[PDB]
Amino acid sequence: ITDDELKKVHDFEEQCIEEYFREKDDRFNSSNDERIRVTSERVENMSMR
Amino acid sequence: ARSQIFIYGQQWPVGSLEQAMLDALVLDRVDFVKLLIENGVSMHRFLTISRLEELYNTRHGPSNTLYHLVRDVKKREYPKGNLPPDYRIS
Amino acid sequence: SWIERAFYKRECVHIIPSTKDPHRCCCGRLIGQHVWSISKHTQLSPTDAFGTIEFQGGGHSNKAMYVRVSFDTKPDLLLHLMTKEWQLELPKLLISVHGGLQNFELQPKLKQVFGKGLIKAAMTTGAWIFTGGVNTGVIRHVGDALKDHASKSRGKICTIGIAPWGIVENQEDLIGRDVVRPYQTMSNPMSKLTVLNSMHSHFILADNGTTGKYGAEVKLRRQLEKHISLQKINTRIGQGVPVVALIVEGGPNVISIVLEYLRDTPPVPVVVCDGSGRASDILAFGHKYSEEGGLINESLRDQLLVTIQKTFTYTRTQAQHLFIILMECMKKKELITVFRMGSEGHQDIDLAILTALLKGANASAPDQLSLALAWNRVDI
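Residue numbers (the entry's author numbering), protein chains in the order written: chain Y, 1162 to 1210; chain C, 437 to 515, 523 to 533; chain F, 30 to 64, 92 to 436.
In short, the hints are calculated from the structure, not lab data.
Hints may contain errors.
With a straight-line cut-off of 27 Å between C-alpha atoms, the simulated DSS-like cross-links for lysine-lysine are [claimed, not checked]: (1) Y:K1185 - F:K203; (2) F:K203 - Y:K1169; (3) F:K172 - C:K470.
Using the sequences plus the hints, can you model the full thing?
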C-alpha cells in the first residue's frame, strides 16, 4: 500500500487498540465481582468513618 | 512519587528525567515508566542506540535466557564457544 | 494548498527598538533573529505553519490540527476552514472558557466536579470548547479534564483552543505545510514561553507578529464567536446557536470580558464557579450580597473594595474603577449564574450551564424545546 493508506491503516489500528483496551476496562468495571469488592471496601471504610 | 515528587510547580533539571527513565527501565518498574511517560518523557527523544545497548546489557531486574541465546548464536556464527564474562552484547 | 492561499501571516520586519534590552526588540525576539504596522512595520505573506501536531509524550497520544493565521483575518474564512477542511459539523452549543493566565490550584472536589461537568456538557450536546490554547491555569485544568475523559470515556470532545503564535514553545518545531510535526510536551521552567496543551483537538494560533506577548488572540476569538453565534442552528425555528461563557478564577481582565459579554446584542449568559478564588470569588461575593442588582449599600461596597485591594493588590482608585466595572456588570444580574460547591447550587455544573442558556435565550418554550431537542437532553 501507499503512504496515505499506511497512515489510514495505522490510525485504524490505534482506534481498535483503544477500543479494545478501554472496553476491557468497562467489562472489568461492570462485572459482579468487581462491583461486590468495591461495595465491600466502601462499606468497611464507611463503617469506620 | 506521584503525590509528592510530581506535584505542580516542581522544577526538573535537564536530562535528569531521562536518567530516571533509564533507571526505571533497568529495574523493571512498569508503573514508574507509566508515570514518567505521563509526565512528559517521550520514547522518541529518549531511546538511542547506546541506551538500548545498555538496556540489553543490564544486570538488574529478573533473570533471562538471553545470554545462552547469544552464546549459541556466537558458537554457530564462529565455530570461541563460551562468551567472556565481561562481554558487551552488541 | 487552500490554507496557504486563503490564510495569511505576518512577521517582524521593524527598526529594532531596544526599549530596555538591546537584544529585545518591540517584538521581543532576538536582535539578529528577525527574518500591526505601528513600530513593528510587519509585512503580509502566505503561511508556512499548518497541518497536524503529533503530541509526543504526556501519556496518551493525540493528534491535533493547527494553523497559523493573522490576527486581522475575517472570521468567515476561519469558520469555512473548520467546517470544510477540518470536517467539523456546526456545533449545537458554543462554550467560551476564560480565566487567569497564571497557573493556579483549586480544591480537589471542585476540580473533579468542574471537569466532569465540562466533559459531560461538551459530550451530550456536542459542543465546542474555546480555551486559551497554551497549557496554563484554567486551560491546564481543562486539559486534565480531557485527560480524564480520554481515560474513562469513548468520545472525541471538540476543544478548539486559540493561543498567541509568538508565545508557544518550540515555534520552529511546528513549521510545515500539511505535514505532521512532532511536538514535545516537556516545558522548560527557565523559559517564559509555555507549551501548548496536549489534549486539545484544534488550534487557531494567531500571530500579530510579536513573540512572548499576549493580546494577539482576544479580538479574533470574540469576532469568531460572534460570527458563529450569527449562524442559524439546524432546527430552523429562528434562533442561532447558543453561547455560554464559563469563568474560572480570572484576573482584572475577565471582569471586562464579562462586561463585554453581558452588554452585547444578543446577550451572552455567564456561568461562574466558586472556590477557585480571585475574580470569581469577588463576583460571587457581589452576587450573594447584591439585593436589587445595582442597589448595593455602603458596607458591602467597602467590603468589596477592600477585598479587591487585598486579593488583586490594587490601589484605591484602581479598586474603585474595578468596583465601577463590577456594578456595570451587575446591572445585568439576571444573566450571571453562579455555581457554588456543595449547598443547593444545582449540585452540578451542567444543570447551571444549560439552565443559564435556557434563560439567556429568554425566548418562548418552543425555542427552549427545540434547543433541548438539538442537545438531545430529555431530562433538562
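Verification of the hints:
Our distance criterion of 27 Å between C-alpha atoms is met by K1185 (chain Y) and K203 (chain F), whose separation comes to about 19 Å. Between the alpha carbons of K203 (chain F) and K1169 (chain Y) the distance comes to roughly 24 Å, so the proposed pair stays at or under 27 Å and holds. Distance check on the hinted pair: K172 (chain F) and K470 (chain C) sit about 24 Å apart at the alpha-carbon level, within 27 Å; holds.
When each numbered hint is compared with the structure, no violation occurs for any of them.
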